[PDB]
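Below you will find one chain, with nothing else, as structure tokens; this is the form solved without the ligand, and questions on how it binds or moves follow later.
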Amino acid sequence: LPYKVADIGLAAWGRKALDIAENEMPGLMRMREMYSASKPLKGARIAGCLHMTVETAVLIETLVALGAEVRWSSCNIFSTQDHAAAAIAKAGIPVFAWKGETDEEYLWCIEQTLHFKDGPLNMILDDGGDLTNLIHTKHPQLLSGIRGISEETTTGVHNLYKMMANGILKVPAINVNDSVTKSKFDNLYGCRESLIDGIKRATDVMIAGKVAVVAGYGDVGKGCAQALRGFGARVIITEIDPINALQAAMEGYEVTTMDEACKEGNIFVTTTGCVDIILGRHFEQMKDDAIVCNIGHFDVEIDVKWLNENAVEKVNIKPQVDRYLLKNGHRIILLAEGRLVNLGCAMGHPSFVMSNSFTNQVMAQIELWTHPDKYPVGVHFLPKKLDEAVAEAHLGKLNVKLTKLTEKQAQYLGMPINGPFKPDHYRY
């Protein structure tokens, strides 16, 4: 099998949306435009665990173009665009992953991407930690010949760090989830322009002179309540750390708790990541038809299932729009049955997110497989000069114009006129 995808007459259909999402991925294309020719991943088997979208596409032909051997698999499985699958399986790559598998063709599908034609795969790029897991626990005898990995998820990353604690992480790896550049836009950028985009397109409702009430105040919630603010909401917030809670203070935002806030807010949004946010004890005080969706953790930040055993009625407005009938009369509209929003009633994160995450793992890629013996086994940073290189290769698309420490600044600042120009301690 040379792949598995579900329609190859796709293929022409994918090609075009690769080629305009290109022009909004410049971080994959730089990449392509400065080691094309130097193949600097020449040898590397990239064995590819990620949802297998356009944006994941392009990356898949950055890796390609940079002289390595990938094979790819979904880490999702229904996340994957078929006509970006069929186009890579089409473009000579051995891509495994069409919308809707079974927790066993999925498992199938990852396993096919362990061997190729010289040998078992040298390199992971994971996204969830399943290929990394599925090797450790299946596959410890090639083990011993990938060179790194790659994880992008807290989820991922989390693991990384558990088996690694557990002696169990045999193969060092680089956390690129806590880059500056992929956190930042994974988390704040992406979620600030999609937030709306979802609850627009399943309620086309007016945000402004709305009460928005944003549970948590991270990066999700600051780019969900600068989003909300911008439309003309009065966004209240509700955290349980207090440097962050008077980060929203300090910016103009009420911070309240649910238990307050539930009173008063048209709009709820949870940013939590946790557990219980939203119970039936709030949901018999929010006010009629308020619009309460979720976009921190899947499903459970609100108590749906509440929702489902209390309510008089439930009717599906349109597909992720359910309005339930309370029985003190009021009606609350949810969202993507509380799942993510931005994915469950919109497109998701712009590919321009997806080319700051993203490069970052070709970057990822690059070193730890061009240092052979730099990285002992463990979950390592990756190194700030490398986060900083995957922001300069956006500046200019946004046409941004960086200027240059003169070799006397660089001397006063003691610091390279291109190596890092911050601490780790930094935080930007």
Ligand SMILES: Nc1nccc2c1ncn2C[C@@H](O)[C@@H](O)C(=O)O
The other form holds:
There are 4 protein chains.
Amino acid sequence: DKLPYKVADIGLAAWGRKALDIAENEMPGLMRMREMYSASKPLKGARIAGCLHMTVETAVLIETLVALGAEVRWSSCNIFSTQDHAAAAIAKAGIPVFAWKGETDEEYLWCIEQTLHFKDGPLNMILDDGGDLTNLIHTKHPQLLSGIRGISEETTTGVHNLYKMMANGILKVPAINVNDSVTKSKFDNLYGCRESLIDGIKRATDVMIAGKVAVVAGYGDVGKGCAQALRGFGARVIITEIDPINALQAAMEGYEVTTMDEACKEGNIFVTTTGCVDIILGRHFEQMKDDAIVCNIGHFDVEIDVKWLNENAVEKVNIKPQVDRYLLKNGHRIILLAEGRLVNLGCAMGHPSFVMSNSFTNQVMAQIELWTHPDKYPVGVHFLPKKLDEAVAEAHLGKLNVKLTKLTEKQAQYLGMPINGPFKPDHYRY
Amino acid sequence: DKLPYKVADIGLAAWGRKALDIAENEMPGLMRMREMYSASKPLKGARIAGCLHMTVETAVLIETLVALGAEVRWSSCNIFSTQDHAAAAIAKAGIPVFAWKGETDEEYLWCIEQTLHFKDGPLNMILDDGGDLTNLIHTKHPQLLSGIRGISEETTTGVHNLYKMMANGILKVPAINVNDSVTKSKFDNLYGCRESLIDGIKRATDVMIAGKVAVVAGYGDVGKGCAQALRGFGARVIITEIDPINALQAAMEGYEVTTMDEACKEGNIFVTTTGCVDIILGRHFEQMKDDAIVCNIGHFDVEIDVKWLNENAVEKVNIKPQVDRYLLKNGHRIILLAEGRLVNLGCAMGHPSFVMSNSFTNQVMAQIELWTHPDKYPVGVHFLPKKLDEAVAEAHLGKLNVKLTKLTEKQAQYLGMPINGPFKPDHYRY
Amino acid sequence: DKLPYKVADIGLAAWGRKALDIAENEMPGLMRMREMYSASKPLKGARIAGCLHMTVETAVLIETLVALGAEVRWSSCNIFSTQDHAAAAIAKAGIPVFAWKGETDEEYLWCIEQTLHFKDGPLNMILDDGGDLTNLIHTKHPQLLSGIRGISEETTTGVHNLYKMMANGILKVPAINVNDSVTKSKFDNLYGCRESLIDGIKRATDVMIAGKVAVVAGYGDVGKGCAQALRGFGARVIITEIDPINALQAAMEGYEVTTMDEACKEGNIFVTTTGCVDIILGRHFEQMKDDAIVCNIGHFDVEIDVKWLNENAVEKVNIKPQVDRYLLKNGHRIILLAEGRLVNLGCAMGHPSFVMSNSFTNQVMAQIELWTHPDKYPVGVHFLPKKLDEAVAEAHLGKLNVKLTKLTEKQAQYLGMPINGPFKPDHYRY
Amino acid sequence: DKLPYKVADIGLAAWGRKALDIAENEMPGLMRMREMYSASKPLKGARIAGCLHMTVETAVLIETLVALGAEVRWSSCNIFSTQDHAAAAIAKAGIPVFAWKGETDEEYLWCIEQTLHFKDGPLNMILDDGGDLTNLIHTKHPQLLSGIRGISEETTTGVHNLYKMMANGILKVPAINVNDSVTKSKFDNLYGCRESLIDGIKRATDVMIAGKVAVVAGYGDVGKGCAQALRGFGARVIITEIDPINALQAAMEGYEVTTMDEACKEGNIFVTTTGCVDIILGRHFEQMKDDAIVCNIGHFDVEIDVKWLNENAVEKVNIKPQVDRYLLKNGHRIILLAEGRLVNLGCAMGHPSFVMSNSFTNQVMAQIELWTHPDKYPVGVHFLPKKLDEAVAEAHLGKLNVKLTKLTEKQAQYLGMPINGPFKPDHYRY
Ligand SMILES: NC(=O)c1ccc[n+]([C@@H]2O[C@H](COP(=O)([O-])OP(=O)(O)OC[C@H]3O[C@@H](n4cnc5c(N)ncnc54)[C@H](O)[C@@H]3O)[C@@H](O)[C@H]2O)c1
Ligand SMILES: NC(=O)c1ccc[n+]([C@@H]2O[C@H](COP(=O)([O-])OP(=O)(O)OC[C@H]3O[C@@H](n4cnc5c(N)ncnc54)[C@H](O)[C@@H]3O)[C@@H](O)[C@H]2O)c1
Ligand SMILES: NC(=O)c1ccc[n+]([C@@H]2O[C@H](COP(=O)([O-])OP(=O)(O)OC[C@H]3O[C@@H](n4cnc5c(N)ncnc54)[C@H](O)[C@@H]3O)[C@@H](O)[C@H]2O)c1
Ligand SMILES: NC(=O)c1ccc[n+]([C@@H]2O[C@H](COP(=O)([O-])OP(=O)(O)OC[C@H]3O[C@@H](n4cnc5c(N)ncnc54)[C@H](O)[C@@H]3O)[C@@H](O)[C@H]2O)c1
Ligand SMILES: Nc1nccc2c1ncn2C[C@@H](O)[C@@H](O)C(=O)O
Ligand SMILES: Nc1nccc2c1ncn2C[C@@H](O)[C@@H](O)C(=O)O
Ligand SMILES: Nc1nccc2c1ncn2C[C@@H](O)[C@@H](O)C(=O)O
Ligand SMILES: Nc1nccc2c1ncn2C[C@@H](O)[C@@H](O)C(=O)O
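With the form solved without the ligand already on screen, would you show the form solved in complex with the ligand?
Everything in the complex follows now, all chains and molecules, and the chain you saw is the first one.
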């Protein structure tokens, strides 16, 4: 039918491959998955349509799914998140990948539709990040719905949307919540953003974090990671939250907690980690100090009112890709990053490989569960068993040279748990 | 029958009362419980037998239960944890309290038995910390078992024991797991020990934390708090763990993770936050650097092998209460704290009031739930609803001057949650 | 003439001795000074009159000076700073020590005067902390001025006063600035207070630091240490400064920097590390939140206006020694600590031994320099040579197990410095 | 004579100018210098030959010197440190700048020689960073030596070389040590590297810092900044030092301190902040874990033995500019960054603007002192007066919204210092 793939420049493949080479050495989980299942090919017969930012780490994921006997067609879930040299390597590798940095809402949709049909039939598996693929099939291609063995969501918002779908009886295929595995959530969301947020901010503005007032909206795992990152550089972080528990945590950590209505007049850097709309409005923009850097890191771009900036600023000047400086009627400048989209993936290279290995290992595990043990997952959204969760963490201990302790028969008996058996109750929050 | 109470010295009452006065101003949760239920007296008709360290904060708890119409008889759950001036105030207040610092395993048991019978009948409610009261009634006073409306456990180990009791069909009265409320666990266990661990170590040895190698066993909430406390002072913290996930977290936080077999040769300060036996054995003691300070903060005193010290040391010299310096055949000295018992409560005054207010508020809520809505809790161990969990955090926001944000109808709609309604799924780990 | 000594209770000697025993094992610098000079007795013929807080560490110092052949008579430089068991050990050891906790401005002066005359003549050496002894001799006993070989000051304020005395031609004996050795200043003032500030606050109030607003006046070495200590527990530290450089440093570290006029309305804990008067006035007290804990850690008690509290509070109630709760007309309570005096030494046991070893080693070195090489120090205030400064740090490396690197002849040549020779220019600030 | 300038591409001017625009708003010190001296033109008649990395911040510096009436000709002091868009803006602005990224040791020297001669005569002023310009004139163009009014050095090594030159009677023109101003040293070297080190490492490798063992050579201001940056992301930092004082500081901060001989077997990331040769040798390389990232941040590229890598590695593969992966006979890979040159400036954009404003303001002040008050600086190397040092910090307080406190006449009197007058003795180390 359509082309075999389409990227920005396939001349980037060589370089993309070196990156993939270094990347692999940083993601033990994925490589271990390869080590164990390359022969068995547990994913044989699977036609996985994936919609997840096309980065170097997503490239190692794709190739791991393939090494396991799967058949995939990829696409990014963000028009800015793609890493073109990574996409090139994948494309040149024979994998039909349809993504490139800077697509248009139009081309974006074209790419997703490109992954729906395989050589010997339509997709029978979904690996989503954001729920775009699953929402597309569900609302536009209902016919394919019954041929999909399972879904694999990894984003807080997406998984949130899934639970909602079920709550309304809209979900029609078994889904697995991968975001809520301890190794994914407590490490990706938190440790990931702690490292990739300032990377985006810096590569984009090269601003000095130290001595600045950074306002972080939301103290969830992402906000926790961002608040920590900024704090460590010498910034005075102010937090805004709607949850009294998350609010108390910020307070116990020495962060002042106020409303954006108040904080906007103080902040020097604004970071939205909220999962919802209307976090930074024009009423706030009008208060901001000159040259205030505004950016969003929550999965979607609905948190900052960019339209307002565009329709109220005296003038807008692009400094470079994904970096705009608006001049407001008050004579104050505002530096918007990545047009209100994910700053780490849009102005930088996303989370580091090591941490992505945790999430993606969880991803590969979900793909094998749903595909290999279907009758184990009725229509609804499930979690990965704790044993697999701990296995995922275990796989990365070696690289870090961590030496785990082994319970003695006596201890295991005293604690009333197995030497290896899950070490924590299902309600444990780590 | 027996005496009305028994403490170390009732002459301490005056001072204990001033402490309670200042304490109250630090525990908004308890005071708010008083504010709302003093009139209704939801605990009227309840005869609560409590077994929880008798400290200033436990004093404010006792008086809060009483202000709610309850009838109580207290006792500490530790022979060293009691704060005598606090006990005096309670005793002098007409509350039959039977506890004092430095009891003997014999007197310890006598005190618990003293709380079992009230003026108009035996205890019909349990407020335990460690499971000693609930295990006593269950195995020694089974007759009273059917008159108890419910249990209230707050310790990780105790709640662990409860879940075990049910698993074996031994639990005969509905129990509520208070330790696992987010406001209890993530704040008491973690933030509490972060503050009270060094307090105990310092008051006992006055040692300098900076530049020392502190070895922390277990990276759970307690270990997390201790590791952070020690790190913040300039100590090099090494962690030991059996859980791969908790191990990875330590690693992601920059803590070296090894086995005690290896760390014992390096440590300058040892802290066991494990919930199990045989953490520090003689084989380790023999390796320790001269004057190594050893102490335990995990609920029980089974983690450090003190017997070994006692039966192998060339000689033992007490420096002062709860501080002993053993001389080993190798010519190395070892400073044991609180005889291997909880260091923060035995060498210091336990956790600060503000944080105890969180747990105790949870405690008061469980007492009212079990007492007031019995048919809501069949025999087994339950959790407090999230709504109550968030209410507990909310109650402490004011004192800290935190300004919570309120979702707009639009946002509440977008997120698909209530403006007030619980803001997180039951699986949320914060 | 007068008594041989006078302390609070000589029955404390035994216990004081065990503390001294443990202390010695923590002060390698002093012990090494003992190791090398016990035989030579470089201080033989010296009659050192000392005025320095009489604590366990000052006890090890005293005994070290004696092991070096010196003759001493001690006294504390604070009426609250004395550690009675430590004084008892020294007194019982035959050393005429005249100090005890809780003296009166009257007894304080009597004690200092007690150290001026020795068996075979008046004092011929001064070891001061605060300048009280040197100012006493200079203004009250000028006759003894010409028999004193040298002065040894260790406090920022005292050394400040010395430089002033010289600037006005009032100093009549060679003094050595010991505070300004790198090993004293950057370690004692900073790391010391980082550890002993919260100790004092906690032992006194047992308040929870986390989630509180702590206001620190002055960002010098002491303020730096305090700000860091409070920050590490979860407090939101606000800083006040008069120096633009020290102010910028605070900002670069993420601390908001405002005026006390503004901060008083926000603070929950106030710490004055300033070296001057009128830091916290009544105008501030009237603004403070209820139960605000106020304390001072700067050498003198002139920073907090305690008189005002005493003359304007509706009522004052002592909670226990060195802890008072004033009720203000506005209905707000204010918890004053140590009556506005050094909180770490007055409500706790001062700085830990390890760090005091650094200062005291510097102290012993100055005593030997001034005594042994007099013609090397004309009347004026001098510094210890860098070689001795590095020697002091070196002496503590072993205990911490630090492995120092040794320049190769090639490297030493490239850098143009000696393998051992001082490694930094005199202007180096570390 | 020669061309008017030479850069990589003048088409970059537009973009470089937008960067300069944003940069200006981040460097208050330079802008304030402009505000005050633009009219007076204190640098009129000056022909400043500058040799300092040609970055956006150096661009704002150049334009500030020009706004003050100076005449300049620039060149970078590093063949990789140049920021081409910044150079283009300067070149297109009419300023003869001769620098571009990726020059050859040959072109490097050509550029410096290009700045020596101006329209109306040779250079009469030097603004150096590294001592290359001053060492060139001194050893190659001695004739011009007597026409230069003064030197301005800002690098630790350069200033080190200057002191050496004087010590040997080689220095023939008054020099000013700008690196050793408190506002330069404690902020640039320390806070600068804290922010720009990981930027270079990340942009180059995109490696995850968390959970890695980072080995930092040298604990001076740079090492302090690097150690702190790495620590804050979750890395376990090990320190190596030759100075016992700097070593004790690292220890007191919780960093293990060992020899490179030992640490090389453990490190995952190596950073040399030393100011000398032979820090990382082949004997170390042969021990490093696979894919160990090695980089240098100390001013020169003599710290890592790159020649060895080049002459002993089985094979070398370039991943991209300034990023090479060597394969060692042992089968271990080694990732070298920026060919052993400054990693922050070579793989990233150097220090942020705000902090560079501090150094550069000091630089402008030195240019005016040497030029304007010549007879104030005889041949030798001097420091800027404290008043100017504090002025520099003061100038950046506003942007950060810091509210400095003002001593009262009473306080100023008590402290014995002026309300504005320098607030610290010359030996103060901050
Ligand atoms: N760009 C990335 O690399 C990346 C990585 C992980 C997650 N995410 C996205 O970031 C978002 C946050 O994820 P998370 O795991 O931290 O979610 P989370 O649920 O843990 O936390 C979000 C927090 O926002 C708070 N909040 C909600 N509305 C708010 C408002 N109006 N004002 C202030 N606070 C508010 C909530 O109380 C909650 O604690 C999600 O959309 C997720 O998909 C992005
Ligand atoms: N003294 C106090 O103030 C106080 C306050 C709260 C809890 N506690 C007690 O401390 C203990 C720990 O509580 P928690 O909430 O942190 O529990 P937790 O379950 O969160 O963590 C305990 C950790 O220990 C690790 N562990 C178990 N056996 C180990 C071993 N042999 N070696 C190394 N690590 C091992 C586990 O993997 C786990 O992560 C409990 O007994 C609890 O009752 C004391
Ligand atoms: N109790 C102890 O254990 C202990 C230990 C060391 C020093 N000290 C004492 O603490 C004091 C401070 O010592 P240091 O070494 O940190 O001194 P320092 O000179 O380094 O710092 C004091 C700081 O106070 C700032 N300051 C001055 N007046 C101020 C005002 N009105 N408002 C705000 N800030 C102001 C100054 O700019 C300076 O940076 C001295 O009196 C010293 O003797 C006490
Ligand atoms: N790239 C940049 O942005 C940047 C910024 C400032 C300074 N620098 C450069 O970095 C270097 C360090 O500057 P600094 O201000 O921190 O110098 P510094 O003098 O403060 O510290 C260097 C430290 O190295 C230690 N050291 C010396 N030889 C050693 C060895 N063989 N092993 C271990 N430690 C050793 C010294 O004891 C000293 O403490 C200088 O060359 C300087 O020009 C670079
Ligand atoms: N390097 C990377 N590759 C792929 C995806 C990446 C990424 N960095 C961040 N995300 C975003 C996700 O981590 C986020 O949406 C999630 O929820 O896991
Ligand atoms: N001040 C205090 N009063 C009462 C109890 C106190 C305490 N500090 C610590 N615990 C121990 C509990 O926090 C612990 O066993 C728990 O699990 O909550
Ligand atoms: N344990 C202790 N012994 C003696 C003195 C002690 C002390 N702690 C603090 N100071 C105060 C000094 O550190 C301080 O005034 C100084 O300037 O050195
Ligand atoms: N953005 C930048 N512009 C110019 C120079 C820069 C720089 N970043 C670091 N250096 C290096 C200097 O900070 C260093 O060599 C010094 O000693 O000041």
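Numbering follows the first chain given and starts at 1.
Trainee: Where does the chain hinge between these two forms? Of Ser351, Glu254, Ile168, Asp241, I only need the one at the boundary between the rigid parts.
Mentor: Hinge position among the options: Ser351.
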